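In C-alpha cells, one chain follows: the form deposited in one PDB entry.
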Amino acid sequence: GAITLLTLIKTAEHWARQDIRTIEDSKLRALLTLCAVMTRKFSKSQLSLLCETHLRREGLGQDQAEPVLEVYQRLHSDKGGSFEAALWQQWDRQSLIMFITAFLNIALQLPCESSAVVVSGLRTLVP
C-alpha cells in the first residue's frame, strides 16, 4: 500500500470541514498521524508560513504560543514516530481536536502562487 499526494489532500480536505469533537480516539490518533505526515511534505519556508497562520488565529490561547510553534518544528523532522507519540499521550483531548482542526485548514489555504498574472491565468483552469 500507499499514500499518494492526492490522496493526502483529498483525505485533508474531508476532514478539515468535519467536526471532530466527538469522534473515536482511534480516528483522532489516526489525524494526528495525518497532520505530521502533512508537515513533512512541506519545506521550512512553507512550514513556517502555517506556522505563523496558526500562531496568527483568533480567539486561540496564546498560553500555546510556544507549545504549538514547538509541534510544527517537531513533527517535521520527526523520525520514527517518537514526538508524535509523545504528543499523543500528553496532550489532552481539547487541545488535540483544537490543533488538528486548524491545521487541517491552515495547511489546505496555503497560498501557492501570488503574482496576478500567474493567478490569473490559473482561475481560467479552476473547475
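Numbering follows the first chain given and starts at 1. Take the two forms, superpose them, and find the largest set of C-alpha atoms that agree within 1.5 Å; that set is the rigid core. Compared with the form deposited in another entry:
- Remark: with the core as the superposition reference, the CA shift of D92 between the two forms stays below 2 Å.
- Relative to the superposed core, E113 undergoes a Cα shift of 2 Å or more between the two forms.
- A movement of the C-alpha atom of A30 falling short of 2 angstroms is seen between the two forms when the two forms are aligned on their rigid core.
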The other form holds:
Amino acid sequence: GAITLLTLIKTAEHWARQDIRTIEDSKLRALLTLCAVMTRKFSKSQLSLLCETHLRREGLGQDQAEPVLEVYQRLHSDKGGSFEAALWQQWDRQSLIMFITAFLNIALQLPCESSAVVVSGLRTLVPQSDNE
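Next up, the form deposited in another entry, please; the one we just looked at was the form deposited in one PDB entry.
Only one chain is given; partner chains and other molecules are left out.
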C-alpha cells in the first residue's frame, strides 16, 4: 500500500513505543530515514520548539541546544539524503538510538505548523474529537 501521511504517522507511533536498542542495522538505518522524513513534515519555524522539547525530555542542558538544533535544521533542509547519510556514518549507534527514540516520542505531540498559520483561521476547521 501507499506510504501516505497517515501511514507515516502510524509508523512513527508504532516505533515510538519500541525499545530499539538491539535492532538490526537495516532497521536502524530505516528509522533514521523516518526521522528525516518526519522532520520535514514540520514547518521550519517549529524546529526550535522541536529542539527545546527534545532537550527537556532527555534531560539535556542548554549546552546541547546548538548541536540538537543543527541536527534538526540540517535534516529539514537536506537534499539527496546527503546529511542523513553523514549522520549514519559519523554518529555512534547509542547516540542515534537515543536521538531517534526521543524524536519519535515527541514528534506526534508537537504542533507541526507555526502561529501565522494556526491562529488565522485553521483552528476553526478542526473537527470534534472524543470527550469533546
